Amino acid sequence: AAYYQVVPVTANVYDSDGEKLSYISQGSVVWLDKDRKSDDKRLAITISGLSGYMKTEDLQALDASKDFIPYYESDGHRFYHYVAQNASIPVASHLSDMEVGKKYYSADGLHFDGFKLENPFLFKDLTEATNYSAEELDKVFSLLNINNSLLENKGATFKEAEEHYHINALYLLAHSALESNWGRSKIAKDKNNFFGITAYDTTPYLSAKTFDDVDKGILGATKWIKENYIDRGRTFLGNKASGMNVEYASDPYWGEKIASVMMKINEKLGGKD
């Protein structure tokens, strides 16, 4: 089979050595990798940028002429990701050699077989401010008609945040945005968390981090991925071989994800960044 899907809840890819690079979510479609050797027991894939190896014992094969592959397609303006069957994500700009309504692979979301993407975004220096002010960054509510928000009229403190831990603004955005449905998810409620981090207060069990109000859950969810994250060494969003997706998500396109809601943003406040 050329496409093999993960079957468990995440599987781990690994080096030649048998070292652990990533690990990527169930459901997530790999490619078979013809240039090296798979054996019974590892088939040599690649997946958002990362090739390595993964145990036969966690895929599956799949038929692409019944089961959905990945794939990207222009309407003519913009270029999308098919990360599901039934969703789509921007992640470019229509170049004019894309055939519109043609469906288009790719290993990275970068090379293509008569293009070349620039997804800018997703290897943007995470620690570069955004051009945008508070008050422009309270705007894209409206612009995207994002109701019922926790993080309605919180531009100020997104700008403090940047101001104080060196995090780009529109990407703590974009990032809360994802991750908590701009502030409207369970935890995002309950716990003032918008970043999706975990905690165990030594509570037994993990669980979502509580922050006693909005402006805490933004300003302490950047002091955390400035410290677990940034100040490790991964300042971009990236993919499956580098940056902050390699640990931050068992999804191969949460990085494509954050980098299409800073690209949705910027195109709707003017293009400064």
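Between two forms, the rigid core is defined as the largest C-alpha subset superposing within 1.5 Å. Residue numbers count along the first chain shown, from 1. What changes on going to the form deposited in another entry:
Looking at CA displacements between these two forms with the core superposed, a shift of 2 Å or more is confined, among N148, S142, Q85, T198, to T198.
Follow the form deposited in one PDB entry with the form deposited in another entry, if you could.
No partners, no molecules, just the chain.
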């Protein structure tokens, strides 16, 4: 088969030496890499920019004529990644080279056969501050119809986090928006944890860190990201080959999802970043 799906809760991706490179989530679809040798025990695969090996034990072959394979498609305005059969995210503007309503396939969401995407928020250095003020960030709740969020009117706390820890406040708002459903998840409400801090795939709610209030949750999560990711040389969102997505989340499209939210906010607020 050309495509395989991950069966266990997570599965590792290995290099040719058998060293772990990353891990990916249950249901993730990987491509067989025909330029490298596979055998009975391990398949050469590609996922989210990463070329490595996976154990056959962890995979199930798909038939693309009847099983869901992630793809990209333009509506003529935006280019969308269907990350799941019933979920799409906008990743880029429509290019003239895209046929509307045609399915396109890509192992990294940047290289296509007939065009190349810029996803600049995916590779942006997150130590550079946003050009949005606290009041501008606060406006996005009304502009994107975000109701009942714990993060409403916390633009000033995001900008303090940025000032103190030197982490981009648009990124911190987009990460909390994606990870905690705009501070509306049960982890957000019970634990003031908007960033999935230690929300491990095996037991996400139980493992998730507890913070004292919303402001200490924003500041404490920012400290945790600075100390565990930025200070360790993971300074952009990226994918399974580089960036925070290598370690932060099993989801191969976590970085692309946060970049998409940054793109959507930036557009609504007038494109200052």
